Each structure stands twice: as structure tokens, then as C-alpha cells.
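For this one, chain A is given, so just place chains B and C with the ligands on it according to the hints.
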Amino acid sequence: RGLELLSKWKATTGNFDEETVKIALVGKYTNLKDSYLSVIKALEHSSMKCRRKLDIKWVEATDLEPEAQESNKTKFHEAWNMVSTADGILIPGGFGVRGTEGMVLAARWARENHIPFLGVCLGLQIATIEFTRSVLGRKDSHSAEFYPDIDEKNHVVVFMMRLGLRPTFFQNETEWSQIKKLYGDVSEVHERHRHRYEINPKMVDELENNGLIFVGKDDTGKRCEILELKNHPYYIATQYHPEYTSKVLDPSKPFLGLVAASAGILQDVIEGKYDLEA
Amino acid sequence: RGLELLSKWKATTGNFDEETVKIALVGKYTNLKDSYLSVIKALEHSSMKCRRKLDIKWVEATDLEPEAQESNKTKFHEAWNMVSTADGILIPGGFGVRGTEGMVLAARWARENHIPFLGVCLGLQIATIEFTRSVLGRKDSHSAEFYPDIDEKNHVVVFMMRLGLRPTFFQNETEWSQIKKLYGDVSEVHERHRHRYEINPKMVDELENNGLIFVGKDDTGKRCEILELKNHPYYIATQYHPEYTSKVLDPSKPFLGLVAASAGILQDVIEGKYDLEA
Amino acid sequence: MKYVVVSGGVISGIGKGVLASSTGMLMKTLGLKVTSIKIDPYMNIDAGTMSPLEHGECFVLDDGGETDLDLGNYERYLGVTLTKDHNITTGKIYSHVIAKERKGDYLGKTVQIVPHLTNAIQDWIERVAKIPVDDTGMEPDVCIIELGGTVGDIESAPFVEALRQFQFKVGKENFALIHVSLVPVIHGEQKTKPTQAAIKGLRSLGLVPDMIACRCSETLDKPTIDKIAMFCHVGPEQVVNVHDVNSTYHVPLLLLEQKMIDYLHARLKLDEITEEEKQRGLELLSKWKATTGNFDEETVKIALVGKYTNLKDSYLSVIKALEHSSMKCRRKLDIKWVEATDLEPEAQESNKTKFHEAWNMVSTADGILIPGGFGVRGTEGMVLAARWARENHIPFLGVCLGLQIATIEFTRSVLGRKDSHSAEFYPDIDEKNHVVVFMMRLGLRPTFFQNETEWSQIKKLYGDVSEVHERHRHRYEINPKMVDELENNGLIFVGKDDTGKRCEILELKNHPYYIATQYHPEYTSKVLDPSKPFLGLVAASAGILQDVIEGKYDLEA
Ligand SMILES: Nc1ccn([C@@H]2O[C@H](COP(=O)(O)OP(=O)(O)OP(=O)(O)O)[C@@H](O)[C@H]2O)c(=O)n1
Ligand SMILES: Nc1ccn([C@@H]2O[C@H](COP(=O)(O)OP(=O)(O)OP(=O)(O)O)[C@@H](O)[C@H]2O)c(=O)n1
Numbered sequence: 001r002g003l004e005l006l007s008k009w010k011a012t013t014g015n016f017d018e019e020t021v022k023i024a025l026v027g028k029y030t031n032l033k034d035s036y037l038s039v040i041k042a043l044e045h046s047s048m049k050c051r052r053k054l055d056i057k058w059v060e061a062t063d064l065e066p067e068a069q070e071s072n073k074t075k076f077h078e079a080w081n082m083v084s085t086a087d088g089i090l091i092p093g094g095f096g097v098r099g100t101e102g103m104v105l106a107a108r109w110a111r112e113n114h115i116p117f118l119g120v121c122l123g124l125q126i127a128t129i130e131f132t133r134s135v136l137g138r139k140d141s142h143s144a145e146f147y148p149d150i151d152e153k154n155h156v157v158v159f160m161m162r163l164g165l166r167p168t169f170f171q172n173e174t175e176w177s178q179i180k181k182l183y184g185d186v187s188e189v190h191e192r193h194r195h196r197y198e199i200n201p202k203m204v205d206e207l208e209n210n211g212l213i214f215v216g217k218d219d220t221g222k223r224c225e226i227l228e229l230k231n232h233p234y235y236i237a238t239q240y241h242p243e244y245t246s247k248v249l250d251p252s253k254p255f256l257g258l259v260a261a262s263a264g265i266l267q268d269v270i271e272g273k274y275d276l277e278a
Numbered sequence: 001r002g003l004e005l006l007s008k009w010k011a012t013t014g015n016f017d018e019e020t021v022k023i024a025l026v027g028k029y030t031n032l033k034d035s036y037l038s039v040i041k042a043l044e045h046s047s048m049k050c051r052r053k054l055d056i057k058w059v060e061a062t063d064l065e066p067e068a069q070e071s072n073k074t075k076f077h078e079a080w081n082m083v084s085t086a087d088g089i090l091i092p093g094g095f096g097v098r099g100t101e102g103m104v105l106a107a108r109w110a111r112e113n114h115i116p117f118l119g120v121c122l123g124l125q126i127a128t129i130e131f132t133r134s135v136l137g138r139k140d141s142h143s144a145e146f147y148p149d150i151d152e153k154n155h156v157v158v159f160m161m162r163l164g165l166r167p168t169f170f171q172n173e174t175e176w177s178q179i180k181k182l183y184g185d186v187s188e189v190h191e192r193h194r195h196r197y198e199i200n201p202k203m204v205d206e207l208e209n210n211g212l213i214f215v216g217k218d219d220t221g222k223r224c225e226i227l228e229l230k231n232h233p234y235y236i237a238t239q240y241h242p243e244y245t246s247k248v249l250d251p252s253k254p255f256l257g258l259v260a261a262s263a264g265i266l267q268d269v270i271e272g273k274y275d276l277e278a
Numbered sequence: 001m002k003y004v005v006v007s008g009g010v011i012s013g014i015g016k017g018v019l020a021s022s023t024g025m026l027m028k029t030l031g032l033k034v035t036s037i038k039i040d041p042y043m044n045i046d047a048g049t050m051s052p053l054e055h056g057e058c059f060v061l062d063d064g065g066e067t068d069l070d071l072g073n074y075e076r077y078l079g080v081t082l083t084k085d086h087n088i089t090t091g092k093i094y095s096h097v098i099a100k101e102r103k104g105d106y107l108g109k110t111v112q113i114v115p116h117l118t119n120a121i122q123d124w125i126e127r128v129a130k131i132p133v134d135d136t137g138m139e140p141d142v143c144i145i146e147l148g149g150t151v152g153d154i155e156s157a158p159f160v161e162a163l164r165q166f167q168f169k170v171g172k173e174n175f176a177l178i179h180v181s182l183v184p185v186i187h188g189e190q191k192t193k194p195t196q197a198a199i200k201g202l203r204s205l206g207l208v209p210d211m212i213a214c215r216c217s218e219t220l221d222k223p224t225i226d227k228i229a230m231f232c233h234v235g236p237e238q239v240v241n242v243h244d245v246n247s248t249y250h251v252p253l254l255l256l257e258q259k260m261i262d263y264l265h266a267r268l269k270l271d272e273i274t275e276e277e278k279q280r281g282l283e284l285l286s287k288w289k290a291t292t293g294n295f296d297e298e299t300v301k302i303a304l305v306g307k308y309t310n311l312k313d314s315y316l317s318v319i320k321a322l323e324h325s326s327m328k329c330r331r332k333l334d335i336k337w338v339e340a341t342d343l344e345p346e347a348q349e350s351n352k353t354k355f356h357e358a359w360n361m362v363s364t365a366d367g368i369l370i371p372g373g374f375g376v377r378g379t380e381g382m383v384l385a386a387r388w389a390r391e392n393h394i395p396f397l398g399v400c401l402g403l404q405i406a407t408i409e410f411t412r413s414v415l416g417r418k419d420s421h422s423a424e425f426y427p428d429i430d431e432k433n434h435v436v437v438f439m440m441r442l443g444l445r446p447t448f449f450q451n452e453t454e455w456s457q458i459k460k461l462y463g464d465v466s467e468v469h470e471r472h473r474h475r476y477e478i479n480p481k482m483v484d485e486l487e488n489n490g491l492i493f494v495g496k497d498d499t500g501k502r503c504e505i506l507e508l509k510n511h512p513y514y515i516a517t518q519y520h521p522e523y524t525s526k527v528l529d530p531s532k533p534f535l536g537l538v539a540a541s542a543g544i545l546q547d548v549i550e551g552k553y554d555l556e557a
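Chains as they are written, first to last, in my numbering: chain A, 1 to 278; chain B, 1 to 278; chain C, 1 to 557.
If we strip away everything but chain A, and leave its shape as in the complex, we get:
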């Protein structure tokens, strides 16, 4: 295991010496770059598997808003150029509500135009709010955070906060899935969580029938743990935070798929053209 760790180090090092991938990371207060540290490292570990140079564009989510155009026009154009340039979009599981309105438009941009996407925690919440707000109509729908609207809340409280390593199980028909292929066809995964809200189970049949297929759920089958949009090149979200289990020799699979699809190489990464030793 000592000699193998050196060989795997020579491999990830070789993958740095041996083309760029541009990713827009869109969230609240991206100026505070340590506040997203795990997300950056999870993109780095995966980018060395793809042999491709990582270029994170930092977007303040609020600068995407239609209101920002009259308030602070210059930064609004910088934000939209980054979103328009990027080979992939990433909504990183932000803190609090402020960025939400711009993060919706970033999710819409990658739903419609076939840009690779990953939503983490609040990013799954916003992948579901957007798919509701644009595919089902339902323009009033919002996070459960906007409590007094009641009837149009996209989410429900589930305090059990849900924390720590919990399992997640693939739905047994979803053999088509890009993400459950990256997990090696294993029956279940184990992941870290930090959430007080989940997508309202009442709506999930409507989302599954329209193609926002929830390819992974919890032990009970009541909780929304993963989604994949059917017949898109790579549009994933996770309710968990996968960046809290990314390792330098074993990159976290939802982030590996985002980089590999941004590189246009996702098929060949799944088929095994990029493992470190034969």
C-alpha cells in the first residue's frame, strides 16, 4: 500500500503535466473564497483524472438578477459573460436565501442549452424550483423559506437538521443514468448531509413524470437525495454535499461527471480511459 500510494501520486502528478475546462461556480458571496473551499478541492481532484486544467469562474449569484441590471450594470455583464462562457455550471450549496433568484437563471441556462450542470444541496433545491418554474409553469413557486405563501412552497421541513454519513439507494429501473454509471453500478452510496428542507413529496410524481427523475432516495423512499434530468448530456443535482468525501486518488463521482462532461469526455471516463493504474 506504500508503493501503490507512490504510483497513484505519480499518476495524479503526470495528469497535471500531461487543455482547459471552464466552470462557473454560482452562489452567494463568492468573494469569500474559503467559504467554498471543499467544492474547489473536489473540482481539482476530478480535473486531474480528466487530465484537464481547471478554471473556476466565480459568479456572485445576485449579479445575474434582472434587478442588478439597473442597480450595478457593469458587474451584471461580468457575471453573465462568465455564465455564457463556461463549459459547465455549478450551484454549490449556498448559505441562506439571498442568491436564489440568480441561481434559478443559471439553472435555466443549463437546462435549456445543453450545458453540463451540478447542483449541490441548495443547488438541487434550485434545480427543482427552476424545473417547476419553467417546465410545469407554476411561476409563483419558491423555497419553503418563503413560508407565508404556503400553497406554492416547493419544499417541506424535515428536522429529524439531517447530518452526517447516511446511505442513498438508486431507484431500481434507472439503468440509463449517467450518475449511477459513475458509481460503478453499485446498489447504494454513502454521503454527508447538512439540510433542514427537502423537495415536497406531494410534487415528486409530477417531476418524475415530466422527466426530472429522482434517481436516488433514502432508506424510506420518502426523501429526495439525487435527481437526473432524463435525456440531457449531464444535469445532476444531489441533496447531499459530495465535496465532503472527494479524495485526491478517488474523486467524488458527482464532481467527476461535471468535469468530464464539461470536457466532453464523460462516456470514456465511465468506460475507464482515465483510471490511474491498468
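Hints are computed from structural coordinates only; laboratory data are not their basis. The reader is advised that the hints may include incorrect statements.
Computed beta-carbon distance windows for the label pairs [said to hold, decoys possible]:
1. C:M1 to B:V248: 32 to 38 Å
2. B:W176 to C:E556: 52 to 58 Å
3. C:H233 to B:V248: 49 to 55 Å
Partial pick of chain C residues on the chain B-facing surface, computed with a CB cut under 8 Å [said to hold, decoys possible]:
4. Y42
5. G201
6. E272
For every residue, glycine included, the Cβ atom is placed at its ideal position computed from N, Cα and C.
Just chains B and C with the ligands now, with coordinates in the frame of chain A:
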């Protein structure tokens, strides 16, 4: 009139010697730059009234499409950077159907985010298709060019082709209008036309009630000649081609408003801070 | 943009300003950017000629213009910095059109009250309504326009023409009008007819009221509302009533509980106007519930000692600055009004009865306040009031002439020097306590704390910030030659100007609260942010000054 023409020449010349405005012109085959010659000259005449340097970004409308992202990704990012950068959007009255799907997304971009806009001919058609396709829902709606859909045609045939100088009359309540202010509060205007389609009169009450107010119509009141979106900084379209009456000392009013609002100075141009002689 | 006129009545003095800025305070509850214009029918261009005896106190702007006194009521209610242009006056607008007449800007046409002057008034209102008076540089979303005088005056006729034409230059569903009108009660019955005759007057000039608001001695009877609404183009739910309330700061809650805004929201279609505004709306309501709670939830007695205190509007800003601070301390304010000249040793033989009333007030009070009086007359009594609070540890604030008199007294009693006097007694020369400094010093100027004075009670109330910004109105300052003697004896000048030559604040070392300011701090007191020199005076009069500085009385945790 000789001495006055020299004074007015010294004025437009002074307005060139005496800051940039960036405008995205979005249409079919913008590579063929002589095919939009009148539109360019109408933007130049107006830009010398605003004392501001004109920078037309040329966008191929088809490169904005969600399909272009997999087909020709590089040019699709260049097209979207131009749309995202511009201080104003202009849909120039293109020839044939090809560019339509991208021109819809350019009109949506300026409806939602408060970007100044002018639609000319096919641009009014696409301002109305977009406002239908996004404000009324009605996602199947299209130009009358897609004939066999029947029920969802946004337009109707009116061959009389309508051509040459015809009048247009303001609707008598629309005192709020930015465009009818630029025309000096005169009761009517006279303009050139080249159209075989008009917006279907059956729908126009729905569009007027939702705020896409048709501030100008023909002698009969049956024909859609101008629209202004109520409570937007500058979102105009004209069924006529106003670039066929722009002159170097008297710029065509729909194009003067587009430049002046892109410069953020529209109020002061209407109030008279930029006429050539006191 | 949106606009709200407040106008009207059969009488001047009916209640407009409280219905005006109060309506504007509630526009801010919605998160809106808000501004205000007061249209005055009088012919003075500014209050700079107007002596403080009639029309009252020359209120002073950030821009240092001597405005109409009422503008202040809008800088407290809304929390905005207005400008010299927000006070339209009949003398100001005739001057502006007459200037353009001699410059020839009318291209040799004859110039007429209609349309040229009524265009000028509309062009002024829409000009001024662009100015960003609010806590961020974006143009306002609503303007409150208060029309002074009464509709049907020969002095207010140009403005009701200009406003009528403005109902079209601006659209309906962007402009609305509140008309304030009288319901006299005689023989115990509410009579509607003065509202009918004044609404007949209003529609004659062509304005139509979207609300009526009544001055009445009572709650309007259900039939009185019906008999006004049967005679005007308003529903019975838009006959508003500003009745007797516990204090003037309750009026915006009274208007909101009468569903006044739940109509203006629809009538001005205000759904047509960011998260920052929506939050700042909810915060303004929370801060209103706090100052209101601080009224419902013990008395502080303050002697205000000055010239001609009978003329109570002449001290209006000072009263409001004491009210804003008293709601932070949760304590009921009781201003004793003292004529300064009735304290004098000469008054004892001249008018003995009033002299005892004056001295009982000074002896009773928990704090003393010398308010920045006009002219010399009161000075001799104001010295004895400052002496009374120097010696016995009574809390004190001196404003302008009050710092002058705090320094004259400390000179006249701590240094001996019994001949010393204001520079106003010019021919004494050698014993003048002050020096001329005409630059009059006016408007918002900075003041900087002296860098060692960490002990200071006043620079603690300012939050340990390095400098402050304040309004001034002075032609005299304390003579710099003497200031070392005063600093060495303990009258420490804890704040000075940019040069360090000018005496801007004093605090007497080792006294519970003895402050004076050369500036007028009452011209920046706001209802949610009370002016710090007045907060210290109330809090020390309450004996709670330490705990106010430590933070036991901020509105939200
Ligand atoms: N927000 C306000 C409004 C008014 N007042 C005080 O109330 C009196 C004047 O009230 P106002 O509303 O102006 O009514 P009047 O001037 O009496 O009458 P009008 O309606 O003509 O203004 C003055 O003490 C003024 O300072 C106040 O302290 N705060
Ligand atoms: N017919 C009149 C009478 C007076 N004024 C002017 O408008 C002001 C209104 O003040 P007001 O309070 O009406 O004073 P009075 O006329 O005495 O009314 P009151 O008796 O209520 O003071 C007057 O000062 C005067 O400037 C006017 O324009 N038209």
C-alpha cells in the same frame, strides 16, 4: 438654408470630437454586413446626437440557439457574450425564418432584465412571439410562416405586400409613452413598410391587457404598427422600417431612443439637452 | 415615478404636514425610496430674511439653505436629506420665470401665468423628484407633494392649475390626491358642509381627491363618513380621520390601521416598483413598533431656558430632538418653558411673581437646556441657569449660544473675570469672551474629537467614531487665546474643526453630564436615530446614561 446646413454639419462633427454605447444587432447572416446597411447608418446618425461612440456587436441569431451549444459551441459562447455585454439589443427586420429561435431568446433577455430594445419588422413580430411565449405561457406559438399549426399562429396574412410611405396614428390615451414623446407629441407619423404578415388582431386585446401596449396603429385601427411594453426603460418595436427615413441632421426617432436609453440619457434627449442649435 | 398630493380645507392649520410626512413614512414601510416637496404660497424666496418671531425657526439643510421650518418634519418622518429646491415658494417660482424672461429663454413670446408659469411649476416638481434624497443614490419611487395655503386662495391658484395639468403630464395610476378637510362639531353634532363647499372648490379647479382626511374634535360618526362619501368621489373606506392620539408619532400607525396604505398600494399600483427595499421596509416597521412600545412602556423634567419661550414654534426642532431621545429612554418628557430674562436679579423687583415661577422650574428640573437663542436679551439669566447646573451636579446641554454661555459662565465663576461677556458687547474689547468668524458659518461641516479624550461621556455616545458631521449657524466662536486656560481649568474642548482653531464641543471634566455644542444637533435628530447630545441630556436626567451608552436601549437586539 445654406448657412444653417453648415452650422448643423459643424454640430454633428462637434458631436464626434466631443464614451461608448455597445449595441447587439441580432439577426440572420450578419456576416453579410451590407444586408443591414440602413440599420447601421440609422444608429450612426442617432449616436452623433447622443455624443457617444457606436460599437455594433454583430450576432448571428442562430448561434444563440440551445441546439448550437452541441453543434458549434465556440461561436455560441461568442454570440452569448455579445448579447450579455450590450447596453442595448436590436432585432433588425431580418429576411426569412431561420434566425427566429435565437431572436426570441434575445428579446426575452431584454424583456426580463431591463436592457433597452428595438425590434424592426420581424423584430416586432419576435417581440410579440416572445411576450406571448413567456408572459401568456402559450409555448407552441410561432410566426404565421409555420402555416400548418393553424390555431397557434401569432400573425395573419395581409397582402393588400404592404409597401411605401403610409401614416401611423398614436392611440389617444398613451401620454406615458417614451416613443410618442420622441416624436414631439405630434398626432401621427409617416413611415416605410415591407411586410406580408401582421400580429393577429384577435390576440391584441390580450397583449394590451397584459401590458404589451400597441401605442400606434394604422388609419383603420386594425393593423399593429408600433408596440411599447408598459413600465420598461425602453422596449419598443415597429412593424415599419424606420432606418429608411433616418437622416444625418434628423435621426429616426425609434433608433434615437434605442441609443439614448443605451446611454442612460433618454429623458434628457426628450427634454432637449442634445438639439444641434439653441 | 409615482406622486401623492396632500392639500386642502376651509382653514389653514388643519393638519397637512402630519398627514403628509406620516403618509410618506408608510410609503417607506413598503420598502420604497421616498421624497417630499413642500409648496408654499408665501412670497419669501427663503427663510434667510424671515425673523424667528413669525413663521418660526429657520430650519437648516445639509446644503445650508435657510428653508421653510416644515421641511424638518419630513427629514424626521422619512429619514432623508432634502435640498434648497424641495421648498417651492411663490417668490421662488416667480423669480425663476422672471429670470428666464430677461435672459430671453421664451424666444420673444409673451410669457403668461398659463401655460408658461404652470409649466415651470410642473417642470420643477418633476425635476426635484429625481434627486436621490435617500440612503442609496437611486431616484425616489414616490414623491409626497404638500400644497400649503387653502384651495381657493388667490395665493394658491397658480399651484392648483399646475397640479391639475400635472395629473396628465404624469398619468392617473401614477398621481393621487389626499384632501384634508374640516368637520366642525357644534351643538355636539359633526357638520359635513365645510367639506362639501371645499370639495366643490377643489373640483372647480379640477383636482379630484382619491382620499378625504378629516380634522375633527371626535371619532367621525358612521353617518358622517357616509354623508361625506355621498358628496365626494371616494368610497366610505377612504374618508380617513386623524383623531386625538397618545402622541404625534402614532399617526402613521393610525393611518395604516384605517387601511390608508392598503388603498394607496392599489390606487398607485405599487406592485409596478429589490430585496434590500423589501427588508428595509420590514425593518422600518419593526423600529416603529419599538419607538411605539417605548411610549406605552416615569417622567423626566427638563428646563429649556431661553429668549421668548412663549413663541413655542421658535424652538420646534429642539422639542422634537428631546422627544426622539425620550422614546429611547422609555421616559415621558416634560419640558418646563422658562423665559431666561425672568431669572434675572432685576426681574425680582420688576415682575416678582413670574421670577418665582421661572426659578421653581429651574430648581425642579432633572436637566437644564440652553437652546441656542436669537440675540442678546436672555443672556444674563442663561448664565445663572448654567451656574446652577455647573455647581449642583444637574445634567446640562448648551446649544450654540448655550456653549457661548457655558463658556461665559465658567469664565465668570471659575476664573473670576466678572466683567467677561459675549463679543456682542463690542466696546469692552479686552474682556470679550468670543471672536468674529464670518467665513456666517453654515451647513454640514465635520468635527473631530481631540485624540486623548477617551474619558468623555459625549464621544462615547457617538460610538467611539473618529469624527461627526453637523449643522451650524454662528458668527461668533470662543476666543482661541483663552482656550488653553479653559482646558487647563477643566472645561475641556473635546471636539474641534479641521484646522483645530474652532471650538465645536465642550465637556466639563468630572461632571455627570455637562456638554455644550457650537453646532445645532437638533437639525439632525431622527425618530429612529436620536441626536447624541440630546440623548445624553435625557439619559443623564433619567440617571441611566451609563446603560444607554452600554446599549440597554437599542431598538433591535
Ligand atoms: N411630522 C410632524 C408634523 C407636524 N409637526 C408639528 O405640528 C405642528 C404643525 O403641524 P402641521 O402638520 O404642519 O399642521 P399645521 O401647520 O398646523 O397646518 P397645515 O395643515 O396647514 O400644515 C408643528 O408643531 C409641527 O412641528 C411635527 O412635529 N411633526
Ligand atoms: N383670499 C385670500 C386670503 C389670503 N390669502 C393668502 O393666503 C394666506 C392664507 O392664510 P390664512 O391662514 O388663510 O390667513 P387668514 O386669511 O387670516 O385665514 P385665517 O383667518 O385662517 O388666518 C394668507 O396668509 C394670504 O397669504 C389668499 O391667498 N387669498
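For each hint, the structure was consulted:
Separated by about 34 Å at the C-beta atoms, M1 of chain C and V248 of chain B satisfy the suggested range of 32 to 38 Å. Judged by the Cβ atoms, the range 52 to 58 Å given for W176 of chain B and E556 of chain C is violated: they are separated by roughly 41 Å. Here the CB-CB span from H233 of chain C to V248 of chain B is close to 52 Å, well matched to the stated 49 to 55 Å. Against a cut-off of 8 Å between C-beta atoms, the interface hint on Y42 of chain C is violated, since the closest Cβ of chain B lies about 30 Å away.
The interface hint given for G201 of chain C is violated, since its Cβ lies 27 Å from the closest Cβ of chain B, which is over the 8 Å cut-off. A cut of 8 Å between beta carbons decides the hint on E272 of chain C: the least distance to chain B is about 5 Å, and the hint holds.
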